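Chemist: Listed below are the residues making up each chain.
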Amino acid sequence: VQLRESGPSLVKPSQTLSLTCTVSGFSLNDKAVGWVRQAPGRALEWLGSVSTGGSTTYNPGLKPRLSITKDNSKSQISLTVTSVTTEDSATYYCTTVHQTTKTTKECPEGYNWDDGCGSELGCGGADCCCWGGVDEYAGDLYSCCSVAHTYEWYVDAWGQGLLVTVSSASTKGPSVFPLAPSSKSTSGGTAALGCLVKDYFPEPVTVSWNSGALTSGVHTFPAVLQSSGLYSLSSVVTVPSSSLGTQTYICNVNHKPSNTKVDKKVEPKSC
Amino acid sequence: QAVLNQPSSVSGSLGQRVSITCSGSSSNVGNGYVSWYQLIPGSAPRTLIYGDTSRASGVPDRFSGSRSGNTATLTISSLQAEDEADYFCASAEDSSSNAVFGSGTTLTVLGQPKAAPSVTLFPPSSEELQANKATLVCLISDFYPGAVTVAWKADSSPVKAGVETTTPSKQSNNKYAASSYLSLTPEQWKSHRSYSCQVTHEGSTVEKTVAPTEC
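Protein chains in written order, with the deposited numbering: chain H, 2 to 82, 82A to 82C, 83 to 269; chain L, 1 to 9, 11 to 27, 27A to 27B, 28 to 95, 95A to 95B, 96 to 106, 106A, 107 to 211.
For reference, chain L alone in the conformation it holds in the complex:
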């Protein structure tokens, strides 16, 4: 599994510059004509730079590429939140046909505004109770940074099993969202007095409650 050498992670503040290196050898980057690609979660890879320095159609000027021997560099200026993605370099290895990629670099754009989570807890729907299932859905949105812990409580006591939580993922507005599920039987849902979804984030803990008596 031969892969060009890229830094795992890089960072930069809004408006500032960042550089991403691509170290290889003389058979790859040395021969020149390195290319760069952007991969945003939930979208197909986009070609940014080719031929070391040439920009692809529709690519902003703030994206630029260079090369010094066996190491190429992607430079991104006037950084913005939308620039957070994985960036891969690539080149031909002694053959215009065969190509190798780099290990990939995740870009973290610093200085972005913080925001508290908005939590909504949904009880099991009637449709689901009819299939003899009961899932509690805790949706969390519009927070930054993308780091939360979720805890489930049943009658003011902790839940011992049945929880599955997604890793925070970016929304279209650049804030983060996350989801949590508590899978129960229709009996448990009716046995207890209330269920809570607790979302902790940057010193606040937002708790949303549901009870079958309200339904």
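Just chain H, with the same shape it has in the complex:
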């Protein structure tokens, strides 16, 4: 099953965060779809889920600000967190939850299984009958079988997640600059080259090379947060020094928060 999150990467402080999840390859009217998030440096935090029909369920500590609706028509579930703060900046994952409450039949303490219960006890079955000794006053002690409840919960599939940042700062696309290889910056048969993705906001940014056709020796680094409030990162790929002139190398930068994609060809320096 595919779980795709959609919504704003950026929400201003003390406003409402609206996220949508589009499920592809399942009906929305049985399988439970839930939301899990993780703030930076914090543990996974359960938010809520919607079950068959619309049995919504939230976290006791966040139900006042949380709201989850459901539209089987468009096969979409939505989440809403009101009056958000920096503590609500996190990756929000759409998930398919498997809720289930297994039931098991038992007798009270001291009672055992027996077939002595009368029909007036309304136990709903001959096997659902318990007996616990012979009381001196009441006589044969009859009682219906008690039903327990075993709670079952786990996450079957995880969406890729959508990173949300709570800030008053406005979105800014990236400026992509070449990190070109040089006659002195080589390492023998291999040469390092890359792209500098500078001054963007909010996170995240992803980078591929040659539209994914080139993956060996690629590493995109985590971003740095500058004093300006803008992020920057680099992506480097190791290539054969002898191919610099003939093979073309293009970094594919994706910054969904600003609906921007940049392809930058990295030319080899004459130096």
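Subject to a maximum C-alpha distance of 25 angstroms in a straight line, what follows is the list of computed BS3-like cross-link-like pairs (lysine-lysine):
no., chain 1, residue 1, chain 2, residue 2
1, L, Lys186, H, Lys182
2, H, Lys267, L, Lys186
3, H, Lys267, L, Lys129
No lab work stands behind these hints: they were computed from the structure.
Dock chain L against chain H, hints included.
Modeler: Okay, now just chain L, sitting in the frame of chain H:
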């Protein structure tokens, strides 16, 4: 903020066993049916164990889960570098709908081979100088353990400001990489004679230099 109790950090050598505990109470782990999830940096969480002991599809047998009362345990045998991640347990709290997670356990796999950093210092590009900016990029890769210090020098003297350095992060080959930036004005870049990025790691210090006269 109720969270199940997990050890902050655990360790184990390649090929050996490791155990990660998940202590809670009778309303959670006691009722049974605990689950485990793996979260590798840069990837969505992956479900490993559910129902205390059942493995999810595609999970290797070396991952196994158990439970003894109000404490569950994830055991990982034949450890390998790729197992380094954060591991969270979870369970329902007196309600098949509501769920609580654990504090999370970071696994450190010991005994991995060491490797020295490969440093490449890029001067500001022409494209950036045209925007009246000048950033020096120092990229560091293929080292282990993931611990380095970076120092910037201008004309054999230390840089007093303008530096930003990322924390080492794992590559696809399990070695660590890191990056450092020196933000300058086009004038400073042309004023000085050379700039250096110094990378210290396990007794060696690798220094890479650039100068605008080479450009």
